[PDB]
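Okay, here we've got a single chain as structure tokens, the form deposited in one PDB entry, with questions on binding and movement later.
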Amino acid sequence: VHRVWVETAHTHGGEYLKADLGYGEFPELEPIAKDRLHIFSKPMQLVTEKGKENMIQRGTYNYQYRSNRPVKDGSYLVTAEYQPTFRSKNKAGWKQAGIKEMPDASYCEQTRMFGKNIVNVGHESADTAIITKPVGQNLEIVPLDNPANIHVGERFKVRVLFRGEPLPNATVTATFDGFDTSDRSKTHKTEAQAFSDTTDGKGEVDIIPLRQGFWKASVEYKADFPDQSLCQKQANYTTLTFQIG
């Protein structure tokens, strides 16, 4: 089970911003496989007050991205996208539903994944103007506060958007690096979550971090593909990474 998240090395004001593209099992960065490079055909983007700008894939591994010019103190976003892919799917094999699950009617599903990282370059920077504005991700977690102001046990309010509208009753979960230490040699074991809750009518939910560290929140939404004459289903997996304390 491969998922997209974003990681940023701690930067000092006036340096190049370094980010990593998060493709696999969090939090272990892995090189993008040869048979998967077409999926990440567009580079990771840095969002500042000037807007969005692309980043340059350079480093010892092909998941490392750098800003072209250094960054001044502030609170910025780093965004990655799994470009839409298409796959065939059947349905069968449930515990006690029924053996004949619409007996092999195959359908098309479009998979899209997104990742957003809140990066505070200045160690004193906790601004909200940039990080609280949506960047247009089909499924998006928009922070309503800066993580630098959230202590352990406090509430970090985020909003879930699907196709530009708030998504109510959406399950958003959260984990951190070091919570679950079990190997990726047990079949496709997606990591345990240290938090889970559903969004309200405004698409908002308070993440309550019980530990400090590098946190990843995530939400997935499966829906009908807009143009049914091309494809039937659409799956979206979105993550938001941030530092607590």
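The term rigid core refers to the maximal set of C-alpha atoms that superpose within 1.5 Å between the two forms. Residue numbers count along the first chain shown, from 1. First, how it differs from the form deposited in another entry.
Core-based superposition between these two forms leaves all of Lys189, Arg58, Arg36, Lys52 but one with CA shifts under 2 Å; the exception is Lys189.
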Contents of the next structure:
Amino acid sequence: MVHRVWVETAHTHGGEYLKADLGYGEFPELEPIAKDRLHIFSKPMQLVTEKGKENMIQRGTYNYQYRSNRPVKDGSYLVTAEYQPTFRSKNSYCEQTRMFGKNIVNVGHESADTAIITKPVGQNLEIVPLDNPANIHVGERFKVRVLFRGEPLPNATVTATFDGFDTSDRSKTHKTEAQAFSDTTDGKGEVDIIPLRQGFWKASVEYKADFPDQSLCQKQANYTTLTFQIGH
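Please give the other form, namely the form deposited in another entry, since only the form deposited in one PDB entry has been shown so far.
Single chain only below; no partners, no other molecules.
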């Protein structure tokens, strides 16, 4: 089972704390970070607001649950998560894995701001939304841009699915990996996700390339996710 990183947020109105979940595993089934994987998530998830990036506090029954330090006003914020760089052997050579997740959260039933969500946060491989998904209806186009090391990434495959699309016969050894959208980015790194259903959506991109310092490691793999809501 391949483990991937994503972020989820419960519905939050103005004045209350922001509850968020770090998904490490098979979307959308949240699972506790196992003991041997704890070191991979040594840094807490971050909340991105007008004042910048602030750490969140890991509160809750399970170790994947987080809450904001302070109550949040109405707006459109980001919540980011990172699988910290790890090394592993393959064949023989070294490969460094890094993973990223980003969730767009709208606090308030009428919040469709774009000042914060459209600014890159500096993830090695990042999906930067170019619009607020709260403005996107079913069948319309939601424009995003893929950045790698701060630059647009052309011809990258961006796939997308939603919670409930693939549910049949799910178990610990079954696929449930089907995507409801697939396209490639253009020369500006942009692509238009076209959602055919309302729900909780996850878009995925990945990039395998050479590690910059060949004297320490050979290959690099990045897996980046963007989660958001379509519809109300």
